[PDB]
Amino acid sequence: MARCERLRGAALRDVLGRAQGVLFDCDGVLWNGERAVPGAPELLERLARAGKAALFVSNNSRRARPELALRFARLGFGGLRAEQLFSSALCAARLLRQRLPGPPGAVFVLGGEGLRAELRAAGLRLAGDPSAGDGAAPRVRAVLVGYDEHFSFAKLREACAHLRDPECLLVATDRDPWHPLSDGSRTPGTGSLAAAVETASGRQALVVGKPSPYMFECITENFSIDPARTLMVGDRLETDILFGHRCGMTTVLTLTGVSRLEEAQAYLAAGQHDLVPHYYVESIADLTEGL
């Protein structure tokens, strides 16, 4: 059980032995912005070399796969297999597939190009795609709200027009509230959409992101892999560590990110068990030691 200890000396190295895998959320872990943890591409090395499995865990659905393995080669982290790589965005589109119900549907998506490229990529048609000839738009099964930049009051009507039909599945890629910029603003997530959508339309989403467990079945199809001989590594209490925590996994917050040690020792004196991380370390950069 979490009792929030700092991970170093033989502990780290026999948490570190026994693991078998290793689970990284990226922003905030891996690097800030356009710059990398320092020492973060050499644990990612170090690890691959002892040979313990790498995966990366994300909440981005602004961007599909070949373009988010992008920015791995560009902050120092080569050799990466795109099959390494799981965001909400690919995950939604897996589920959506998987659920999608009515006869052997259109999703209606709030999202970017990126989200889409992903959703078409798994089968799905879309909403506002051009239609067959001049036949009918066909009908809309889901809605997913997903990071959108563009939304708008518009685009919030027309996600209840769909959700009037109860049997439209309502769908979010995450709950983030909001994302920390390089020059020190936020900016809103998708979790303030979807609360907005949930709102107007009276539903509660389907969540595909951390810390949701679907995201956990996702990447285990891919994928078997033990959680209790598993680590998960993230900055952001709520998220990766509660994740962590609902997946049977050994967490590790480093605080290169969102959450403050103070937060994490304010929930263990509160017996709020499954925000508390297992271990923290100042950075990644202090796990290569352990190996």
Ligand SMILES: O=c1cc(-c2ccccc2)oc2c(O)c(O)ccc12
Given for the second form:
2 protein chains.
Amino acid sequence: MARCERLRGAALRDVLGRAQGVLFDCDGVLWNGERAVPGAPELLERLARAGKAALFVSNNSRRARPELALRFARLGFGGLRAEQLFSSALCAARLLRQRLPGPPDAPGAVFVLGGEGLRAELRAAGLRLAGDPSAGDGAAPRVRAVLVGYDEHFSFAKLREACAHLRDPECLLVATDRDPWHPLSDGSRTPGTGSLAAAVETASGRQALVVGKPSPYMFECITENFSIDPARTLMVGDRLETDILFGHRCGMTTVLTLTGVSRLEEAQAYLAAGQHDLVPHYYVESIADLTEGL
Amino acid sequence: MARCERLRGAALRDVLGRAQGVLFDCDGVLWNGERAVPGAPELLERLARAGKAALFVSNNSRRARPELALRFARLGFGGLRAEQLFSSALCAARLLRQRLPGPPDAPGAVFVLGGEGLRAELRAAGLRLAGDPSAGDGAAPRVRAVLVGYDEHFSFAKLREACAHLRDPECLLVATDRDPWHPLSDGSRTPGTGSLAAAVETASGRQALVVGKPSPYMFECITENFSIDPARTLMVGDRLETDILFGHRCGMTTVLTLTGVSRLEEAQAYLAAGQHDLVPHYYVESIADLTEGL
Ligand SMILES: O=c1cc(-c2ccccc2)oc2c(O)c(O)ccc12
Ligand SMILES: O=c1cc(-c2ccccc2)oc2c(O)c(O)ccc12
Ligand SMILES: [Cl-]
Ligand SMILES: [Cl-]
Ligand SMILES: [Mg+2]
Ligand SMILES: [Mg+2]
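Next up, the form deposited with the named molecule bound in place of the form deposited without the named molecule?
Zooming out: every chain and molecule, the one shown earlier first.
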């Protein structure tokens, strides 16, 4: 079982050598804000040269795929294909396309708590949004899902409207992620989607379907068109309750990096409490410590 | 132990006859919106004539005491003294006066998520509010508590600011109540303070101190200046998880009325699960069914 071992030396060479691919979280792992983790671009170059696949899995719902790719490029992570990038915005759009109830003759609409990047991803997946223009003089379509994402314009009015839609038990409640907060460059924090989802769940008396990590649905989304063997894939992240739990649920070897949110002391506390699904198999100070294993 | 018995006949005469006073919740008990429960004003008149004390305990944080009294009067509940009326706004103001940390030479300030009635109650208790005018050219005072109440102007910006203040571990987090939602006359619902508190707690990683029912603090507040013997007091409410739990925690005989939020089926389910602190001792269809016992 996971023992939170510092990955180095011969063990590092064996773990990386056997791996066919690596799944990376982005924030806290590849970069912090507009600052790349030193050595992280070189790791990705070396992984590609070694024939090992790299995929990127982020709970960040702020950017549609084209703008998500831009952040990678300007921080040194070159040569990446858009098909390597998975966000909770992209995967929530796909889940809604797959699960929106209602008849095919009258597609439902999605009431979105979130920003323009998320809305763009939803429309690109063919979804119609509450508040988009209605057809001719016709009435507004029936709202068949509420989607909670990262919404810097969240308000009591929007919360009340979400509850009005959720009065219909057949209306879905979906959240992009349950991350409670995020650290910012200046040392402050911003509320996360999990805090907004908590309000919607509490006021509506519903439980949300969560798209992003640690939900296994995120793994279905990334593998819909890419064959990855979880027994041969490393999951690298900075958050115990999202990245590491995700890896355990999917059968992946997990690596905690310490350049982000979770601390080594927290991982060791979970291990002492016996909560092994929150314990990384391995940790590194930063992902630059993985490059020597190639 | 509580068995959720319909209170009537000789048992009703014995329960009411032995009681020295009755504590009533307001919404769902005395009235629904601007409609008094028929027979409720007459019950209060008869209780007073019988020499039994009546007190009113509400989690509603929207009205300061003077405006709270107005609703009673226009719905038929005459002859009431302001000292009989206790709200979570009044009791949160008193708790903050009693517990605000910091030195006496520099009083702290309270950052309030809530409306003008709540703010008025706080100022009347001597508290200074974040955003009130600063003295001369001096800087803004240190925020030493965040108070979450019913805030129809809640926003992401206000949530983020609350978290900035709560970064200081010595800053208190207080909530007026944890009621998750409330029913409206038209059949819709409005989000409750509990939904906003859930967001603040989740984004800040804190647990709030809750003033209102079912917290025992509400009982300390009402009895600070009124001697009531809980063994001789009936607690009458419409919500299992707030009024009935409150009564059990305080040692009062509890009566569920069915003119509000909780349903008889829910009470019976708690009893079958053995969750006796959520089980009323007695229930009535409406509080008008209590009058015959006098
Ligand atoms: O710098 C960061 C920014 C963010 C962020 C996510 C959504 C909206 C706004 C900001 O999230 C982070 C994160 O979750 C980490 O694990 C580590 C770092 C960050
Ligand atoms: O008609 C009602 C209105 C409200 C209300 C409380 C705070 C803000 C806005 C509305 O709360 C209720 C309640 O909690 C009940 O138990 C029963 C009825 C009501
Ligand atoms: Cl929308
Ligand atoms: Cl304030
Ligand atoms: Mg991260
Ligand atoms: Mg009530």
